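Note that this complex is displayed minus one protein chain, with the remaining chains in position.
Going in written order, the chains are labelled A, B and C, and every chain counts its residues from 1.
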């Protein structure tokens, strides 16, 4: 039914309008762009007195981390908006609406991620255009967009399932911040101690939370075949579980 | 007014009763105690294979870390309860009740911190009784009690001021977790890089947030005079600002 | 919209017990009951918010449902026109400008149609909720206490407008609310709920209304007055606590007062008035209430 398809598209479009309309998005964008430009200009142009050579790995990593954490907060807010306002019980009438609701949430997640990748492209492109140095590559920017898609998609579906189960908003925000920042912080201070450290360190290459969050600081994203397959499988499993629970939950 | 004194003491007593009568408080104690006991038995009693000697600094630091992040979240929940249910309108009626309200909240903060310090003392003492090693000192436990008191009191008054200004609950929970975990995470990956790193590293010993979070995971702690002056003066200024804001806000 | 053999229970307490319902040649139906008997549970069962009700609800997929439950749900941050347009696109077939303008003009929302929802009052939010519910262009429109915060004139205006809508377009209305004098204004049939069953089904179509007479006297004498009027004339209803005795319409008070004089008891207040559903409601449910 294309009527249902248009109903899905109108929901993603209005969610996008609300995001593009709120002033916090342009305040967050102003702060991140100002901070990245200030840090890059002060750090690259004076600490070793070269002939204005700038390396782009630090700006790449910093812009990736800041834009990713801001986009994550924007995504969690978008996900928990309806549960915050209590209007969700109006969208939970029949089965086809509960399903179109989940489809629209996933499509909205994809569109927001694409928009943020485009934004990341604009800041790094203007920085490179203004300065001089060795330009990056288009294939790298495309695969960076893909990494944005997988990260945001994985965490958004996980947080959507948990907020559907619990119906509490303060927990979702605190859990998202905690989950993002606890594993890179805890790993150096604890893995090197045990006689079980090598084994646990090896197992951190397979826990999706641990390696997806860990590779954020790194300036390049490199995945093995098993790692790519397990991440895609986890997103698909989350989608099936979400569909099953949404079609049996009463609001 | 002794009558007002009875009103404040009744509110603090009932706040403590609501803390002591929840299943999450004991789920948290059982989880933290089980993790610390499991970690100590698994790693301190069999590495180099001594005569089961254990060094208590790592256990001290780990117990302090878990209990601090749990007591902080219990404090944020305690201070945000009234804004969550919206019953705060019934208490912010006249100036005398609004000030007795702030005094009662401060006394509640003091008692929760003392209770958690006692919890830390009992768990570590049972662990120390069970295992083998060199015991710690009571002067260490009393100064540790002071550190628990100062840290928890500081963050609770700051979050109380922000929650008064904003009247949003998700922001407080996220901001509390954010302030605890961002500074230790950002400093190794960014501070050692610049020609300004030494200056910022030295200035990290004067920002209250910065040195309290850096010194939170340490197993030893001795303060300087400037740190004592800044922390106590800051505590007094936040209390005065809180009183001033509470007497001018309208719901 | 039909319900067949609905039985929903919460643990040991059972709230609804094997009910049937159908809109039979009636456009507006009122649901009347006490507090905590399961009225909102019934509306949630019809609308679709509850899946584990263990029964069968016969609704068609091509038919949309626009509803109002316990409290309005709206975007407080955004505007009224934004809310109307969003819920018209998301729930309805589209947005109609002339139709929306007609709704706004009839309801009287133009002065405050551009102001933020967080700046509204309770009656304004309730009116907006009534308009958003009708925005869906439903075939069945169901309401949970529609008149929470409105003045008498506003309630009269909204009721007149809903009647003009249910007659210009083919709509079937369910309204569950107290304030029965407002209920008798727009309703075709009333159903009475006690302990999960439909005990009574009173149907009112025309304004003949069956005029009746009220005699008020204290309880210790009320027994004798009820017995006397049942032994002479035919009596319809009695309220024991207030001492209200409602015999049929009598033009001449002479035979009643003369008999009450040789009986030596006398009334505090005697009147003749139009019968209502408020009277019917007290008749069905004072056995449980008092």
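Keep this in mind: contacts are C-beta pairs under 8 Å (C-beta built on N, C-alpha and C of every residue); 3 or more make two chains touch, one makes a residue touch a chain.
Interface note: of B:129, B:137, B:244 or B:251, the residue touching the hidden chain in the full complex is B:251.
Only one of the listed residues, C:105, C:195 or C:271, touches the absent chain: C:271. Contact with the undisplayed chain is limited, among B:16, B:19, B:66 or B:92, to B:92. For subunit B, the residues in touch with the chain missing from this view are 7, 10-11, 14, 18, 85-87, 89-90, 92-94, 96, 247-251. Even with one chain removed from view, subunit C keeps its contact list with that chain: residues 34-36, 40, 70-71, 121-124, 145, 148-154, 178-181, 252-254, 257-258, 261, 266-272, 278, 281-282, 286, 289-290.
Keep in mind that, in the parts below, only the chains that are shown with their structure count from here on.
Here the CA centre of subunit A is 30 Å from the CA centre of subunit B.
Centres computed as Cα averages put subunit B at a distance of 55 Å from subunit C. Touching two or more other chains at once is no residue of subunit B.
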